[PDB]
Amino acid sequence: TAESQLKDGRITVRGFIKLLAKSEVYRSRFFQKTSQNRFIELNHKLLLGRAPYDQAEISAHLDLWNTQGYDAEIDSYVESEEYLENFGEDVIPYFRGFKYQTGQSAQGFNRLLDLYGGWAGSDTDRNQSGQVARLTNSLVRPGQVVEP
Amino acid sequence: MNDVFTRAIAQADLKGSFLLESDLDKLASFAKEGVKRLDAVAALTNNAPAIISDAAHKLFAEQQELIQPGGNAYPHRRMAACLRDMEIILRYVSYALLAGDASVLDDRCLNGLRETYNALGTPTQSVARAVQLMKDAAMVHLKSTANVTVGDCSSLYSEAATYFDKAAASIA
Amino acid sequence: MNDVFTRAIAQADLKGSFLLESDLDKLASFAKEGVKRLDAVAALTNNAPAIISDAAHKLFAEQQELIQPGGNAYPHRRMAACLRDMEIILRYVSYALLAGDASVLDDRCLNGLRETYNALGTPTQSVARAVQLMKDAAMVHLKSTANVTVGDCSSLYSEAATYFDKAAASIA
Amino acid sequence: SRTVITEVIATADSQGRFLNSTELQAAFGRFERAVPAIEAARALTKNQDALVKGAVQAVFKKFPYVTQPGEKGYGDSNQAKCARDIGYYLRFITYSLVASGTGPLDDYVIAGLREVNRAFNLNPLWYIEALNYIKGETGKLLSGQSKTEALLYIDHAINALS
Amino acid sequence: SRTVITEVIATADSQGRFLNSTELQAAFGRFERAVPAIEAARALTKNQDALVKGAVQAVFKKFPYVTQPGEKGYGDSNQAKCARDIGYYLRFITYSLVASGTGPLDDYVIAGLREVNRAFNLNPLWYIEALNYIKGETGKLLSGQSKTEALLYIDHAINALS
Amino acid sequence: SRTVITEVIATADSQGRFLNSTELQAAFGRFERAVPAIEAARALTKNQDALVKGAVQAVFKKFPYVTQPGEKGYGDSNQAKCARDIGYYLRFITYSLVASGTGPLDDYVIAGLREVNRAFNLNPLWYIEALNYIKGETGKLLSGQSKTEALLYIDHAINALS
Ligand SMILES: CCC1=C(C)/C(=C/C2=NC(=C\c3[nH]c(/C=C4\NC(=O)[C@H](C)[C@H]4CC)c(C)c3CCC(=O)O)/C(CCC(=O)O)=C2C)NC1=O
Ligand SMILES: CCC1=C(C)/C(=C/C2=NC(=C\c3[nH]c(/C=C4\NC(=O)[C@H](C)[C@H]4CC)c(C)c3CCC(=O)O)/C(CCC(=O)O)=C2C)NC1=O
Ligand SMILES: CCC1=C(C)/C(=C/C2=NC(=C\c3[nH]c(/C=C4\NC(=O)[C@H](C)[C@H]4CC)c(C)c3CCC(=O)O)/C(CCC(=O)O)=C2C)NC1=O
Ligand SMILES: CCC1=C(C)/C(=C/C2=NC(=C\c3[nH]c(/C=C4\NC(=O)[C@H](C)[C@H]4CC)c(C)c3CCC(=O)O)/C(CCC(=O)O)=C2C)NC1=O
Ligand SMILES: CCC1=C(C)/C(=C/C2=NC(=C\c3[nH]c(/C=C4\NC(=O)[C@H](C)[C@H]4CC)c(C)c3CCC(=O)O)/C(CCC(=O)O)=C2C)NC1=O
Ligand SMILES: CCC1=C(C)/C(=C/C2=NC(=C\c3[nH]c(/C=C4\NC(=O)[C@H](C)[C@H]4CC)c(C)c3CCC(=O)O)/C(CCC(=O)O)=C2C)NC1=O
Ligand SMILES: CCC1=C(C)/C(=C/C2=NC(=C\c3[nH]c(/C=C4\NC(=O)[C@H](C)[C@H]4CC)c(C)c3CCC(=O)O)/C(CCC(=O)O)=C2C)NC1=O
Ligand SMILES: CCC1=C(C)/C(=C/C2=NC(=C\c3[nH]c(/C=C4\NC(=O)[C@H](C)[C@H]4CC)c(C)c3CCC(=O)O)/C(CCC(=O)O)=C2C)NC1=O
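Protein chains in written order, with the entry's author numbering: chain 5, 149 to 296; chain K, 1 to 172; chain I, 1 to 172; chain C, 2 to 163; chain D, 2 to 163; chain a, 2 to 163.
There may be inaccurate statements among the hints.
[Said to hold, decoys possible] In silico EDC-like cross-links for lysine to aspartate or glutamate, where the CA-CA straight-line distance does not exceed 20 angstroms: (1) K82 (chain C) to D13 (chain I); (2) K26 (chain K) to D13 (chain K); (3) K181 (chain 5) to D106 (chain K); (4) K32 (chain K) to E33 (chain C); (5) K15 (chain I) to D14 (chain C); (6) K15 (chain K) to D108 (chain D); (7) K62 (chain D) to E138 (chain D); (8) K62 (chain C) to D86 (chain C); (9) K166 (chain K) to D107 (chain K); (10) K36 (chain I) to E33 (chain C); (11) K155 (chain 5) to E87 (chain I); (12) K141 (chain C) to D39 (chain K); (13) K148 (chain C) to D107 (chain K); (14) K181 (chain 5) to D25 (chain K); (15) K47 (chain D) to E72 (chain a); (16) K170 (chain 5) to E237 (chain 5); (17) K73 (chain D) to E116 (chain D); (18) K47 (chain D) to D25 (chain K); (19) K181 (chain 5) to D107 (chain D); (20) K141 (chain D) to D77 (chain a); (21) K32 (chain I) to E33 (chain C); (22) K26 (chain K) to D107 (chain K); (23) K141 (chain D) to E72 (chain a); (24) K181 (chain 5) to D108 (chain D); (25) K63 (chain D) to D77 (chain D); (26) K148 (chain D) to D13 (chain I); (27) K148 (chain D) to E33 (chain D); (28) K148 (chain D) to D86 (chain a); (29) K170 (chain 5) to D14 (chain C); (30) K155 (chain 5) to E115 (chain I); (31) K155 (chain 5) to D14 (chain C); (32) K26 (chain I) to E33 (chain C); (33) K82 (chain D) to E116 (chain D); (34) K15 (chain I) to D108 (chain C); (35) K26 (chain K) to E116 (chain D).
Hint data in this document are derived by calculation from the structure and do not stem from the laboratory.
Throw the hints in and build the complete structure from the sequences for me.
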């Protein structure tokens with residue numbers, strides 16, 4: 149149905165991205181099997197092409213979800229000014245964090261490298277681990293390292 | 001995500017065989033007694049503000065050094081995040097209680113929580129204590145006989161206690 | 001996206017007065033025949049590919065210009081689009097039937113559908129004939145008494161015929 | 002609104018596929034106990050006057066400060082507004098009952114409740130206590146399954162307010 | 002897997018809320034709908050090998066050429082592993098009955114079906130009409146309430162194959 | 002309807018003479034037989050439901066292998082109709098007890114029994130075992146004469162089943 153909508157032109161490519169993000173595949177892979185941290189990382193990486201820049205992004209998006217639901221959480225990504233300026237209505241999202249994007253922290257590059265995992269790799273969730281979050285400590289302890 | 005039925009099914013499939021008669025008996029008993037489970041899940045859902053508030057009162061009346069300045073629940077943003085985490089953990093416990101399986105809890109609340117709380121400096125011992133206090137406040141509510149028919153639900157009490165203990169032992 | 005219950009609540013709130021006795025009684029009736037309604041929508045869902053295939057066969061037989069080069073269903077792409085539209089129409093018809101209200105059909109399936117075909121050059125008369133043949137096949141598959149307990153469902157057949165017919169009229 | 006049929010149809014249309022076993026089972030689960038819900042709504046639609054006056058007087062009792070002059074509770078038109086408010090809540094509980102879901106309750110009371118309540122300076126505990134009294138007396142006016150449905154829906158309203 | 006319980010939890014989870022009345026309503030419908038389904042699963046499991054033999058010979062009777070030399074059904078391995086495939090379909094239909102949802106079918110069979118049928122040239126019609134034979138045989142194997150459930154899942158498998 | 006007096010009438014009317022000593026004496030004898038049979042039938046009519054149900058469970062207990070999926074009796078309706086069958090035969094036992102002859106039995110059930118059983122695949126041995134259960138109880142329930150002719154009638158019933 150979404151592909152037919154796109155072919156007719158009732159929805160732009162951005163609206164189709166929104167529909168796929170609200171689809172059951174996106175949930176069953178990235179939301180339902182993962183903590184909220186991993187979900188925010190994946191949302192940034194997939195709908196914005198960038199890694200999270202700081203911990204306030206995680207806090208804001210977790211509160212947005214807890215108060216308004218998955219649909220509002222997704223809308224905050226696609227209707228954001230950043231998606232509209234970078235990709236707009238008619239461009240497919242791509243990994244733009246590899247080249248310096250205006251306003252990014254120093255870490256966004258390293259975090260996108262940590263998320264990437266190569267051209268073959270993927271955000272599967274069928275791993276033996278179960279889609280754990282990668283950037284839990286790189287976001288709140290951006291520089292240092294701690295052992296338990 | 002899983003429940004009891006899908007867990008038995010997955011075990012049987014990984015083995016490659018139909019579900020045996022005994023396992024069908026177990027799932028039939030589960031479904032037959034699931035009405036008590038619905039009552040318990042409702043007891044958690046409907047009183048949840050009371051559980052959260054009583055647990056918060058007790059936690060901050062026994063562990064003062066959280067609400068002190070420099071304590072890690074000092075401002076309203078940190079106190080609000082504390083209460084929000086308490087509610088979320090209680091929510092996933094009620095979920096896992098309805099499902100009969102703790103997989104949703106271990107996959108959405110507990111698979112990266114100890115690491116997050118360590119990376120934020122929050123004392124995971126106090127978080128586990130908060131979870132146990134919520135367990136106590138909830139058990140005061142699951143044993144309520146008002147508005148429900150009398151019966152025995154020791155099994156559901158044990159199951160909910162083990163879910164709270166799973167949350168505590170996977171945060172602490 | 002309204003059902004009979006939501007619609008009736010809407011008029012009741014438009015008046016501002018409580019729901020009466022008679023309307024609530026007919027809603028309870030609607031609930032009682034809800035099982036026959038669920039079997040009706042099940043009969044529609046179960047046989048959807050067969051209904052689409054037979055309706056398509058009859059339609060393409062009656063209008064050979066659709067198939068021949070220059071027709072509106074000539075290439076494989078346009079035939080696939082035709083069959084997909086037929087299936088979507090039947091899907092929304094079953095949606096409306098289970099909801100018991102034509103609101104599901106009209107609110108999303110029929111808004112811009114009428115003029116999209118005209119802008120595409122699609123003859124809407126052929127679409128009306130397609131959904132009419134679909135209605136015939138659906139009636140045939142609905143009167144089937146195999147594998148189900150027998151009873152009166154004439155209101156269900158009339159309601160389904162109204163849904164198919166108003167879908168035809170709105171498209172045309 | 003949002004009734005069991007409504008989520009069933011919405012979820013089925015989201016994947017763009019017909020209603021499979023699970024959706025029909027959910028619709029059946031709603032249908033088979035539509036009758037305790039409707040009989041409970043019938044039982045608590047006859048007593049609406051007793052319900053509204055009892056709730057208003059219980060709110061006055063529990064909160065003495067909302068009775069004397071110098072506040073919103075005092076006033077003939079204000080008390081008429083209180084009675085109208087309680088009648089609206091009870092009517093939307095009846096709508097939730099007949100819908101066999103929280104839909105009418107949601108999109109009549111719960112949605113946009115906090116800021117609407119706040120911009121007019123009304124204590125949420127007021128209506129929470131009113132609904133608590135409604136809970137108390139509907140526990141006895143209704144027995145068994147109808148009582149269960151009532152308790153659940155009025156408490157969902159309370160939790161929304163609280 | 003997508004069941005009634007799991008779909009309820011995922012819907013109340015993605016919205017960040019507790020389980021309200023409608024969700025427990027659907028859960029209760031599942032719980033009491035379980036018993037016919039469990040009995041249907043017991044019957045299909047008891048009558049497994051006979052059903053598989055019947056479906057295999059139905060494939061061969063309706064598709065007589067398939068067993069002729071030079072193509073798919075020729076040779077002992079392909080018959081034994083036809084039996085294997087029908088056993089898989091039957092096992093997952095019973096799994097979906099016990100779970101009272103189309104989870105196991107949509108996961109272990111329906112997801113990825115067209116690609117592997119295309120890449121091995123397995124005609125779907127063989128499986129569609131073997132499932133039709135099982136659909137018929139449950140008419141005299143089951144009866145009453147659970148027959149509707151078993152027919153419903155046999156039916157979903159047939160629709161997905163087509 | 003060949004009660005003893007009925008074939009008395011048949012023998013009388015077949016030829017031209019009136020009724021002689023033998024048939025009058027036989028009619029007298031039957032007319033004292035009428036009593037103990039009448040208390041037997043009354044006692045059995047007093048003990049209807051427990052006896053018929055116990056017969057049904059006895060049929061289960063002596064024939065457990067059918068009780069699996071495989072009974073023609075499997076399912077609530079079919080077990081209930083087993084019970085109603087036993088009730089029908091108990092009806093006919095009482096009727097033949099009153100009639101002092103096999104009249105009801107041979108007229109209705111014994112008439113065309115074997116071919117009906119063949120058509121409906123109902124093993125008589127089940128019925129026979131049920132009547133052996135009835136033997137067991139009627140050994141206690143009735144005494145002396147009533148017992149004796151009741152036992153003889155249900156013996157003839159066994160033989161009819163065989
Ligand atoms: C919201 C509900 C909805 C509707 C109403 C709908 C209809 C619909 N049909 C379309 C194309 C089409 N539709 C048809 C079908 C018609 N032409 C033939 O003559 C048949 C007789 C007749 C079918 C009964 C055909 C042949 C096309 C292909 C035209 C093209 O590809 O440009 C399109 C645009 C392309 C696409 O779907 O990818 C839409 C939106 N789709 C929807 O999601
Ligand atoms: C969806 C499942 C999920 C949960 C629940 C979760 C917990 C979670 N808690 C957080 C912070 C926090 N968590 C707490 C709670 C602690 N403070 C006190 O010591 C208490 C003992 C204890 C609570 C009972 C506090 C105070 C913060 C804020 C700390 C900060 O802002 O640095 C954060 C990150 C920043 C934020 O929320 O503002 C997460 C992600 N993560 C998840 O993926
Ligand atoms: C809409 C959501 C929903 C609710 C709320 C619900 C409650 C519910 N509880 C029931 C019985 C019951 N309820 C309880 C639970 C209580 N008894 C125990 O002692 C505790 C005090 C407490 C639980 C810890 C028990 C034990 C039964 C009887 C068990 C049975 O039904 O066999 C029944 C069946 C009536 C009966 O057999 O008596 C219902 C419908 N069902 C639903 O579909
Ligand atoms: C763009 C060009 C184009 C192609 C190629 C095309 C294929 C095509 N062939 C058709 C008819 C058919 N064609 C065949 C022929 C097959 N069966 C045997 O005879 C042979 C092994 C084999 C051909 C060598 C058959 C049997 C049908 C009837 C199918 C049916 O009605 O079920 C139909 C259905 C038309 C109808 O009757 O409603 C299509 C769509 N359609 C197109 O628009
Ligand atoms: C879980 C999903 C679901 C299923 C599988 C379902 C089948 C279903 N059909 C039923 C009865 C029935 N169903 C029908 C409808 C049929 N009779 C005629 O043949 C019509 C052609 C046809 C309408 C399409 C009728 C007339 C009855 C008996 C009357 C009654 O429901 O009380 C019943 C209730 C009593 C029973 O049969 O044991 C169920 C559960 N209903 C459901 O909600
Ligand atoms: C159907 C949707 C709906 C709701 C939910 C509703 C509540 C409500 N009551 C109002 C007025 C009022 N309501 C009250 C009652 C409160 N103050 C005290 O008296 C009591 C303790 C307490 C009741 C338990 C009062 C005093 C006013 C006067 C105006 C004001 O305070 O804003 C207002 C402001 C606008 C108006 O209606 O005049 C709202 C929104 N009204 C609605 O149309
Ligand atoms: C999860 C459940 C599951 C299914 C359903 C399944 C189907 C399946 N069947 C296969 C082969 C096959 N399946 C068949 C079936 C045919 N045999 C007879 O002739 C009949 C006409 C007909 C069956 C009704 C045949 C002939 C092959 C071998 C074809 C080949 O090797 O290319 C294969 C390729 C792997 C192999 O068996 O070597 C798959 C994946 N596999 C699965 O893991
Ligand atoms: C006085 C005249 C009379 C007779 C002779 C009688 C026996 C009798 N048994 C029948 C079938 C049946 N009979 C039974 C009971 C038997 N099957 C089980 O194995 C038990 C061991 C056993 C009970 C002792 C059952 C379960 C059926 C259903 C089989 C079918 O419908 O094909 C039927 C077919 C009609 C129906 O479906 O109800 C009759 C008439 N009932 C009568 O009113």
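Now the hints, each set against the structure:
1. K82 (chain C) to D13 (chain I): Cα-Cα ~18 angstroms, so holds.
2. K26 (chain K) to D13 (chain K): OK: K26 (chain K) and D13 (chain K) at ~17 angstroms, within 20 angstroms.
3. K181 (chain 5) to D106 (chain K): Status holds; Cα separation ~9 angstroms.
4. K32 (chain K) to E33 (chain C): 17 angstroms, holds
5. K15 (chain I) to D14 (chain C): 32 angstroms, violated
6. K15 (chain K) to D108 (chain D): Answer holds: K15 (chain K) to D108 (chain D) is near 16 angstroms, not above 20 angstroms.
7. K62 (chain D) to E138 (chain D): Holds - the C-alpha atoms of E138 (chain D) and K62 (chain D) are around 16 angstroms apart, at most 20 angstroms.
8. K62 (chain C) to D86 (chain C): With a Cα-Cα distance of about 18 angstroms, the restraint between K62 (chain C) and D86 (chain C) holds, given a limit of 20 angstroms.
9. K166 (chain K) to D107 (chain K): 12 angstroms, holds
10. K36 (chain I) to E33 (chain C): 12 angstroms, holds
11. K155 (chain 5) to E87 (chain I): 18 angstroms, holds
12. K141 (chain C) to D39 (chain K): Distance of about 19 angstroms is within 20 angstroms: holds.
13. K148 (chain C) to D107 (chain K): Violated. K148 (chain C) to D107 (chain K) sits at ~36 angstroms, over the 20 angstroms cutoff.
14. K181 (chain 5) to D25 (chain K): 29 angstroms, violated
15. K47 (chain D) to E72 (chain a): 14 angstroms, holds
16. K170 (chain 5) to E237 (chain 5): 17 angstroms, holds
17. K73 (chain D) to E116 (chain D): 18 angstroms, holds
18. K47 (chain D) to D25 (chain K): Satisfied, since the Cα-Cα distance of roughly 15 angstroms is no more than 20 angstroms.
19. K181 (chain 5) to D107 (chain D): 18 angstroms, holds
20. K141 (chain D) to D77 (chain a): Given that 20 angstroms is the threshold and the Cα spacing comes to 16 angstroms, the pair holds.
21. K32 (chain I) to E33 (chain C): OK: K32 (chain I) and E33 (chain C) at ~8 angstroms, within 20 angstroms.
22. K26 (chain K) to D107 (chain K): Violated: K26 (chain K) and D107 (chain K) sit about 25 angstroms apart, past 20 angstroms.
23. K141 (chain D) to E72 (chain a): It holds: about 12 angstroms lies between the C-alpha atoms, which stays within 20 angstroms.
24. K181 (chain 5) to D108 (chain D): Given that 20 angstroms is the threshold and the Cα spacing comes to 16 angstroms, the pair holds.
25. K63 (chain D) to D77 (chain D): Holds, because 19 angstroms separates the two Cα atoms, which is no more than 20 angstroms.
26. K148 (chain D) to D13 (chain I): 43 angstroms, violated
27. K148 (chain D) to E33 (chain D): 16 angstroms, holds
28. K148 (chain D) to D86 (chain a): 26 angstroms, violated
29. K170 (chain 5) to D14 (chain C): 13 angstroms, holds
30. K155 (chain 5) to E115 (chain I): Satisfied, since the Cα-Cα distance of roughly 16 angstroms is no more than 20 angstroms.
31. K155 (chain 5) to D14 (chain C): 19 angstroms, holds
32. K26 (chain I) to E33 (chain C): 15 angstroms, holds
33. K82 (chain D) to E116 (chain D): Holds, because 19 angstroms separates the two Cα atoms, which is no more than 20 angstroms.
34. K15 (chain I) to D108 (chain C): 17 angstroms, holds
35. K26 (chain K) to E116 (chain D): This hinted pair is violated, its Cα atoms lying about 37 angstroms apart.
When each numbered hint is compared with the structure, violations occur for hints 5, 13, 14, 22, 26, 28, 35.
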